[PDB]
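Here's a solo chain for you in structure tokens, the form deposited in one PDB entry.
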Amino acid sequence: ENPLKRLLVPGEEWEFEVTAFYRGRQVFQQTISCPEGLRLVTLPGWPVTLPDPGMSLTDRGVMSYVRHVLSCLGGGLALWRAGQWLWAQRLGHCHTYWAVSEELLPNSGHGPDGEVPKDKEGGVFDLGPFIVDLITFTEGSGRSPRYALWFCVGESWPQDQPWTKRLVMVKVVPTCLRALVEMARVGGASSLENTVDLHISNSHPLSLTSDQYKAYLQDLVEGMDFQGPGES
């Protein structure tokens, strides 16, 4: 059996590493595993409480803005997995934007990938393209795929243009993905067996050669959906 397909079975809980930053400063970090995902804050999902800025900030202006955001969070930013997709939904009143990027806090650039919807779930990450890109990476014909989700949380009033200053940023890393990339990087330059920890419930680190890992990655692709051109 392909051990990597365990990543997809419904009963497998993915571990998520959550790191919060206030004006670029790390002020919180926690790693969580929950069947119903998490909620950045009677509702489903493991609640992850962002800390009061008084514990790390000194600027009254930024402290005030952060407290405003803590005030609109309400139900919170929900993030969970369903099949090959990671979904997000803004349950509270804070306009929240997202982007998949590197492990480093992203610059404003061309803006976020999108705004997390409130009335319905919104897809924020598809494991399909990620694995395809990971394979391309192992082939040496592509860059390492990104897996870090960044959530910029603004106020309820849509005129603070939060993505510009990115005062409240929360990075969510599904650790299985970080591990898969590291395994490709390390294994790609090694003729020996290397260990990869999938960081999913009831699992043990896997010892695989580069050839084994590549074969499992290729087979993993068959366990996910890829929309065809013009397919209904």
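Between two forms, the rigid core is defined as the largest C-alpha subset superposing within 1.5 Å. Positions refer to the first chain, counted from 1. Compared with the form deposited in another entry:
Here the rigid core is superposed between these two forms, and of 195, 49, 29, 164 the C-alpha of 164 is the only one to shift by 2 Å or more. Once the rigid core is used as the reference frame, the Cα position of residue 155 differs between these two forms by 2 Å or more.
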Contents of the next structure:
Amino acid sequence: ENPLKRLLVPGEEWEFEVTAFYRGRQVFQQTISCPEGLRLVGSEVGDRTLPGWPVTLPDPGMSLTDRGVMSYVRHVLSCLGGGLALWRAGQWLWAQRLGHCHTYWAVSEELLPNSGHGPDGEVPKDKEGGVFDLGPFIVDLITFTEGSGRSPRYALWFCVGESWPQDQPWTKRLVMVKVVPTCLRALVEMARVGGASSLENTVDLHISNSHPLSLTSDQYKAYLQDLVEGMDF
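Could I see the form deposited in another entry next, after the form deposited in one PDB entry?
Partners and other molecules have been left off, which leaves just the chain.
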């Protein structure tokens, strides 16, 4: 009855879009759906026994042009070990660092990882750490539909093997990974177009067992409010 509640139903799988950048250049993109989430890894062998879908970041390639720089990328990748794990449980996203690369994270904009205020945290190794709560996200999204606040951020950016580029151009970092749970992207775009009129617009939530929805803003905001009332704060 509330289509958005499909987001949190037992057995649900979200799609996550992984985009990797080596020194400010997009080198890889893959979309994952898996109940155990995903692991950002370096090689396609060595660890094949861990839960979570392996997302192998590509070898930097061997060119006469930038081999000094890419050599560093290659070493970083080779130290990923079990990887950087990311998964969902209920309304929360969790991450854990299973290899040797110290990894910092922040929730930020699609195009700019480091808006200046520094990392939200370092991904823990010996315990999982919460990196996202859909509860506050949806509160902020409703505020956005009411024009009382900016578009909520949903892009998880990870800096791998180096300190967070606080007050530094992010493109200088060897390995930067953006992870977007694409449902959140879709929810924001829906609010964005919904503010332009009261005509119906289509949303694909990009989650398991969910066909596209065609809602007016009034209906969407109604569903958002019903959703957030059943969420944990």
